[PDB]
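Here's a slice of the assembly, chains where they normally sit.
Every chain is named by a letter (A, B and C) in the order it is written, and numbering of its residues begins at 1.
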Amino acid sequence: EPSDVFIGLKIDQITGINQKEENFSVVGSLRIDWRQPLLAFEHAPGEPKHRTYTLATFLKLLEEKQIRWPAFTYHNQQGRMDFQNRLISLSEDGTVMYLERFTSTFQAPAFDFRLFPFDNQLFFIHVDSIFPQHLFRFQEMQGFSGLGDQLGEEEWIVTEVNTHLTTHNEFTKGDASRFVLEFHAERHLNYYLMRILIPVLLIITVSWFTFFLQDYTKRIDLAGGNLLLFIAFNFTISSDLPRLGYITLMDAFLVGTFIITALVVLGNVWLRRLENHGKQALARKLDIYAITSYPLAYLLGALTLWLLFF
Amino acid sequence: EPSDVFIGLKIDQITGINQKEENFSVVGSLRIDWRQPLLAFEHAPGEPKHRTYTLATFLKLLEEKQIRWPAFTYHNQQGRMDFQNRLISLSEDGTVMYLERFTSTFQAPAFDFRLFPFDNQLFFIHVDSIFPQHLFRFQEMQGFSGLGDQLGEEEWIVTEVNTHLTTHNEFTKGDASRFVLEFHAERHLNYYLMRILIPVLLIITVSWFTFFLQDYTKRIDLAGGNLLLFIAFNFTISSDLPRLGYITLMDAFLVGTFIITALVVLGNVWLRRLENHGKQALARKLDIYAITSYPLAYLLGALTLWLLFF
Amino acid sequence: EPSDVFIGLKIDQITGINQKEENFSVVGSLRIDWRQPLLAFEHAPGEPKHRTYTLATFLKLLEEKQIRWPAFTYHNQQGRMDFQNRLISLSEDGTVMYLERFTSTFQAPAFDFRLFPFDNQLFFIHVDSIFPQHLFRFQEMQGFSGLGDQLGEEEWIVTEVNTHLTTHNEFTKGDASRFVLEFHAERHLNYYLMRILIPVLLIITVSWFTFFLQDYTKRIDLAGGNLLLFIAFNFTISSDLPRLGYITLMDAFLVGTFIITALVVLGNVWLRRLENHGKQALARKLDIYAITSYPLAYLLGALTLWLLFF
């Protein structure tokens, strides 16, 4: 018959979310409650009713007593799991109380940058039983699982936390227990507003101010240099994310500014070609279209992405 | 009844404060004094009154003697704690004298960048008893706790150090002991004065010198390029800090220079529009306002932030 | 006679492919099935038919019983192999069932950047028997080997996976068993299209728009600055790859743009030399060749590489 293994997982800290490598790092405490009647013991008066063991000697005790422990794996773990505490408290009953304090990076494969920077992501930790459900069954340890209140993450803001149990078939033919700690987090846009939106909007607006100078050559030089600035911002954005196989809302936004700037060069080349061909009065009358086109093109572009993505 | 566990924590070095990840790194010595009568021993003349043990065999001795040690955790620890020394000296009495020399990173969740770079921060180390206050009670080991005098930190300057004891309820129903080593540190502004204030002030002042040339086109080209420089400084600042969800005094300072520079372009576009419309004498009379506006705008801006943040 | 050792290797995650260092990193599970009759045991009613061991005590048991285990090496491994699980399940029969969960970097020496970014690469993991084929023979553990479905790699896309067995002669005179897990992966071009093709094409096209201004000096200044931009892109590409001893399709592409831009400067220097020597009407008639040359040169260049590499 299968023995109930009570899994509890609590994230104390989010040491960082690395979106370029699609992983996240946490400081967490794993808690297990497992009653093994075979491990029960007798005690003399004065002698303790609860025995405390370092994982090392407790496992040496299980091998001796020929007992199978609920061997588990953190399925989505990455690299080294640096441990702080691995402590066992065994009661007279045979109730094993295990605490595992660690720092570890976990894979974040649920990363969807399609709406970046206005994106909401799913982050999870998978705890899998190596032995199937006929031997061990994971149960939800009540009053422990979740996320702490001093996570130390500044960019991300956790919207909700969930815990559930499911099956997996990793090393076995039949179903094996899997404990899931899931959390959703959205982004603080302040960085993107201050470093990307405000600068890009300023470059466009203050470049439009110079249209009132009525110098087409000057506009051509300005739009040319503006295109270079946007190419630079394009590289600034690309450095934050992985080399995705799909277009970001941010990628569409930058390509958009490229197109408009390209056309601004094209248009003012045409107006300056009119001036050069003795048609200055004509280019000056058409100039109203060039001056009002610019804000409308960018405001039409903004409504195009907003429609194409929402 | 509960046994008194004497906690002492001394920071020898500050290997660095990483404000982008909101953590700090120290080289520290943990000292514990704990009297366990069960560990007491008898000795023959000439035989030692004090037994010295490597933590490994001392824990093997506690498991044998069925004794529970005051299992503790550095609550705000991050990653690997690299150890130097883990040594035990056990007296005939049963007084355990423990020394733990380590290098480790600790979470700094108290980070408030709102007044950066004129900010004062709180840094702490939390030492928690896994077992509740009915079993073990932490006490302040006198004549040890604090910070050394060769911390090796150059940017930060520690203003004060504090030690106190409090309860926590991390793994238990009832209160459990927590030792706290806290320190406040303010920043050395020399870097920000030399690399950010002096350059930004120079760019603004020497750009104002060229107003005396009375070439509005030249001013437009200058203010346009100045805006780009400030956008570059904006990225230089952003690289030091996390992607915060709030505005910094520094962020307000840069946005301030953007606004003024934007208006400088706007104003000189207007003056040059007057010259282009045969109103050169008028633009030259108004030029006194443009020349005196510039220093007043920046000096009004400086007083605006200083009021808005202080 | 030789004992059959059943090797199974499954990659759960691709934590990253580092093309600058020509290596890749995985989270993987190694599975071994090995029947050693000497390890067989007798059991009492109620006592388990399957004994579970930590690798540490299981090896201590093999040394005691004077049994030689199939000592193996991951031939192309690099750095530290961080382990998660090292668990043994021994049946009454003497069938050893081993599971090795790890995170590790592996050498990728098959890297051929000649057609980068349109390249397809081979990645493999080599599992070698230290002892020759007369002692141990590796066999393919059926229903396990391969790659998972949540690898978490965004740039690369795995085209096919293969498993085979071969000999090696690393530490022995005679042939020794080698298990191979191979996979082919091609690249997602979206990054290169968005950050390199679109910008380079835009710079060239919008620079051509200004030819319609009929200012040869302006073209010279433009082509000169364009050359600098391409030199900058050249450095952006070089940072992704190792310092190869061969030319990339990308390197040829950039050298191509250098040559055309160099000749654009040369041509427009000539046209401006005609204007300076009182031959303005002649330079204006020849200008049709200069304006139509530019798109033809770049379109001839594109067809040259495409032929030279395909």
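What we mean here is this: a residue touches a chain if its C-beta (ideal position, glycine included) is under 8 Å from a C-beta of that chain, and two chains touch if they have at least 3 such contacts.
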Overall number of sequence copies in the complex as this file defines it, 3 displayed: 5
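We adopt the following convention: only the chains that are shown with their structure count from here on.
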Centre-of-Cα separation between chain C and chain A, whole angstrom: 24
Intercentroid distance (Cα basis), chain C paired with chain B, Å: 39
Residues on chain A engaged by chain B in the complex (per definition of touch): 12-13, 15-16, 27, 29, 31, 47-48, 50-54, 57, 80, 82, 84-85, 87, 99, 101, 103, 150-152, 154-155, 157, 188, 190-191, 194-195, 198-199, 202-203, 205-207, 209-210, 212-214, 222, 229, 236
For the chain A and chain C complex, residues of the former touching the latter: 21-23, 59-60, 63, 66, 68-69, 71, 73-81, 107-109, 111, 130, 170-171, 217, 220, 224, 227-228, 231, 234-235, 238, 242-247, 251, 255, 258, 261-262, 265-266, 269-270, 272-273, 276
